[PDB]
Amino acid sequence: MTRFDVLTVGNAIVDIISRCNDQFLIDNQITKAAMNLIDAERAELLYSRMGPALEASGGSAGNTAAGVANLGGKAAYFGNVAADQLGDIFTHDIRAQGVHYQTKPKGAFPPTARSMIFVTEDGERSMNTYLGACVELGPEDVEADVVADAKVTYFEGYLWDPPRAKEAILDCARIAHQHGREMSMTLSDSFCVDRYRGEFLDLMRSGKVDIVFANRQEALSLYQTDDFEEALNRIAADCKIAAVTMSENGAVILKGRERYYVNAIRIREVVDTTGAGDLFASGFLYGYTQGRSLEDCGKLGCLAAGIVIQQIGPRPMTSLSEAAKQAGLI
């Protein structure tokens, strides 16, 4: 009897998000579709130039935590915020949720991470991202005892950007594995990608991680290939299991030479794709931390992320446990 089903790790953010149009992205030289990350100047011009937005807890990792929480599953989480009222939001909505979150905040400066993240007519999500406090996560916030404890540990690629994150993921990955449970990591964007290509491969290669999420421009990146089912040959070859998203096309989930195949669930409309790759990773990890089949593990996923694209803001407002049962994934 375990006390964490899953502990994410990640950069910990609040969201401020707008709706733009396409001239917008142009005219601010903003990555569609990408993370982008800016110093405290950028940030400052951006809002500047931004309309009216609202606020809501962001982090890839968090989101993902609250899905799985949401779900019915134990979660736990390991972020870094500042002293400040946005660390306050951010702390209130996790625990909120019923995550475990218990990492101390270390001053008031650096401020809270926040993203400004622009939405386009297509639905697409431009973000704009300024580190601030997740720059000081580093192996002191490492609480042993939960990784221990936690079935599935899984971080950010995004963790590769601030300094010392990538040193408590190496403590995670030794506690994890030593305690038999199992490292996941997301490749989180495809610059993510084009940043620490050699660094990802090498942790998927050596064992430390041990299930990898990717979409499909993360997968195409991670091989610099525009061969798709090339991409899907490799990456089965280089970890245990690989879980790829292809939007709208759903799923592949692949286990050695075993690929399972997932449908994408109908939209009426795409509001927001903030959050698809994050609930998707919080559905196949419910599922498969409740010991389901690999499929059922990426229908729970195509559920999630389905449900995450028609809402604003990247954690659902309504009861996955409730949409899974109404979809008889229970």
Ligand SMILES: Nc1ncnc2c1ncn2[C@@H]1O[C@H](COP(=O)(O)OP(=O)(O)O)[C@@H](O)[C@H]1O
The other form holds:
2 protein chains.
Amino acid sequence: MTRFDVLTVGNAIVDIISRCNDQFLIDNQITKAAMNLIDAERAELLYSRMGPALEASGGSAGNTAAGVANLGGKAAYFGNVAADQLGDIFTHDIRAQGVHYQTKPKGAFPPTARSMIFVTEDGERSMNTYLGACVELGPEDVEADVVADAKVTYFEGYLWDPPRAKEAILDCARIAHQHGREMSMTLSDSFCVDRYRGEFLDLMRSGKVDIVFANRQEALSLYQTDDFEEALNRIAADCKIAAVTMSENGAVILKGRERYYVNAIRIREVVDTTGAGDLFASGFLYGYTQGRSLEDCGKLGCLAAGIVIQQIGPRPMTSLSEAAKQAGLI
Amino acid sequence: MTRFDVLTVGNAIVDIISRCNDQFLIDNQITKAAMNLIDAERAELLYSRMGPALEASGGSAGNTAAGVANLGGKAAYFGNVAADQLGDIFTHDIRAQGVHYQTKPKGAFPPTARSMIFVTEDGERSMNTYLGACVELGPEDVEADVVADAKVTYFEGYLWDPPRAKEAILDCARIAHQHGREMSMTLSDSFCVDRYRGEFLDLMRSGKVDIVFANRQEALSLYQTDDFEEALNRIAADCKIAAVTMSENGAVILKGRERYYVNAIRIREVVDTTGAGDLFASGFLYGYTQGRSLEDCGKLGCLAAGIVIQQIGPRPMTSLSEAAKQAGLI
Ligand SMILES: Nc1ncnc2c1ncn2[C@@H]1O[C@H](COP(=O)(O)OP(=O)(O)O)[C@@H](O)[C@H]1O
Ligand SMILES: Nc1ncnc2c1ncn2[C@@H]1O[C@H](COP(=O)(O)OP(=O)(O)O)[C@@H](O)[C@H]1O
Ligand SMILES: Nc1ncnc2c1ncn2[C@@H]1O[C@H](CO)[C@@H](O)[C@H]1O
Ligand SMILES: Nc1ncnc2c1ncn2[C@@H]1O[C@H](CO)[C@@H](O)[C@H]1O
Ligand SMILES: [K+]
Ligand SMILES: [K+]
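Rather than the form deposited without the named molecule that you just supplied, could I have the structure of the form solved in complex with the named molecule?
The complete assembly is shown below, putting the previous chain first.
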């Protein structure tokens, strides 16, 4: 038996969420639909201009772990918070979902990471992230026994921003592969790919990463192309399995020369797209670690992702296992 | 001119919100639909049993102030938080709504109040409140110029729980009445009325309170009766104006022998009833301080309350002024 189906590793963040008008993004020089890194001074400034907000536990990988647990899989998470009230919220929410989470805070300062997420009327989300205690995640936070005992270890491209997180990921890759497990990553954000293009390709080509998740813009950015077909051909050459999401157009799963296209589910409306890709990865990785076909992994991903975009907050509040059962994915 | 339409005073609280099944309330001996006071130990215990949650600024009077500001009125608030992350969230949200909020935290311990609110499938809410820093609210927190310059000062019956808050309220009553203003209270919760029945009646009969808000159960509890008609007759005798809410059956406004019945909005589904009474008071007090008829005040209260019960969280995230305009309440 294995203790875990999916271990995820990422920046532990609490989301601060508010709807805004289109002009707010322009006035504040926020890049729409992207992850904008900010310092402490900028965080205070944007917060002072932000309307009344809702808080919810976030973090890309955190959301993915939570989603796997929600669907019925056994998940674990590595990510560093501070010993503060935001850190206590993060710790509560992930553990309450039944994700193994044991990363120890190193003190109260830097404080727990937070992201101010502005949701426009079209449902797009523009994130503004102060990394705080995330800068302290390092090799010391690798629970080797967990990596040793997880079918898949999945991490964020976003980990390349903080200084030492990459060292932890290399340790995970080694331990995972020594125990015959598989490694996975998400490209995270198109600008993040702009920052770490060469390093990400190296992870894939050296075999440190087996399964890669990308959205359309991330895939395009990885190869600096406007040709989506080229991006699909190249990503298939660079990793063993690629899952490329296409928003309302669903997803395509690639393995060697195999291609499996999956449709998006029907939705009421796009309330808030925050978490879409994260939950696609939840459903995909849940199906994968249950031995399901790649097409069925894509279907489970589309189901979970389509549910999360119909609610405020990045982690489904409803039962994904019940939704999977009703959709006959079971 | 007056600087303020409505000043409100209450327990400054951050809500921690989760849905639960019916059995959860029974297993944890939580009184359904009520405000359950808890100590720090019980707070830790219930949190450990609570599922993944969302946080939103709460506090009955805080919500009411926010509601007034959202409708287009000029609002102020007194309530005490701690110098901690929860306190910073509370301070941000109320000020971001355009409510004057200047009460100074006194330190980091006790920490900012929080309420674990469990929402059942019927939309009912069951609150479990650790008062924290709310116990420090006292006469030192009365900004006398604000009370002098507010058309109505409104406070919670809930303030009778912490030790010194009532002294601040009596100071407010004096100042308000010396400046020709009006005083208002909500009975807050049926058990709260059970605890402070004699004192609440004294506030009304001595003329410290001019305008009283009650729901059906609070009114019944006030006179320890099962006869709703008796309760209406008695509450009308005991205060100048009474606004009595009846959930799906709307409300009734009483003044002397005058009675004004107002219909509730037809609701597709009750998502979360948290905030209903608070936002009824927003709309009523907004209308009242705009010189509207008592019926129209009731209509505005019903419109705001109906909006807040159709969303998760106790402060409407949509424009109440726009809704009022569409409804021809303007
Ligand atoms: N408008 C939409 N309608 C239906 N499903 C959607 C929509 N947008 C996203 N999804 C679902 O979320 C998945 C990931 O969305 P995408 O926007 O590509 O991800 P990311 O969050 O990584 O940008 C899609 O494969 C799809 O299943
Ligand atoms: N099921 C419902 N349908 C429509 N309106 C409702 C419903 N429940 C509450 N309301 C609105 O909220 C107001 C106050 O609700 P009530 O349940 O009496 O308040 P409280 O929050 O004080 O218990 C009502 O007067 C009505 O306008
Ligand atoms: N730099 C970051 N690293 C990891 N996750 C992030 C970052 N910035 C924002 N997020 C998270 O991305 C999620 C949506 O994919 C949000 O829940 C938010 O917390
Ligand atoms: N003891 C209390 N005093 C004042 N407000 C409270 C109390 N307990 C819970 N609340 C608030 O009541 C609101 C709903 O009326 C919630 O937003 C919650 O914060
Ligand atoms: K969402
Ligand atoms: K609500």
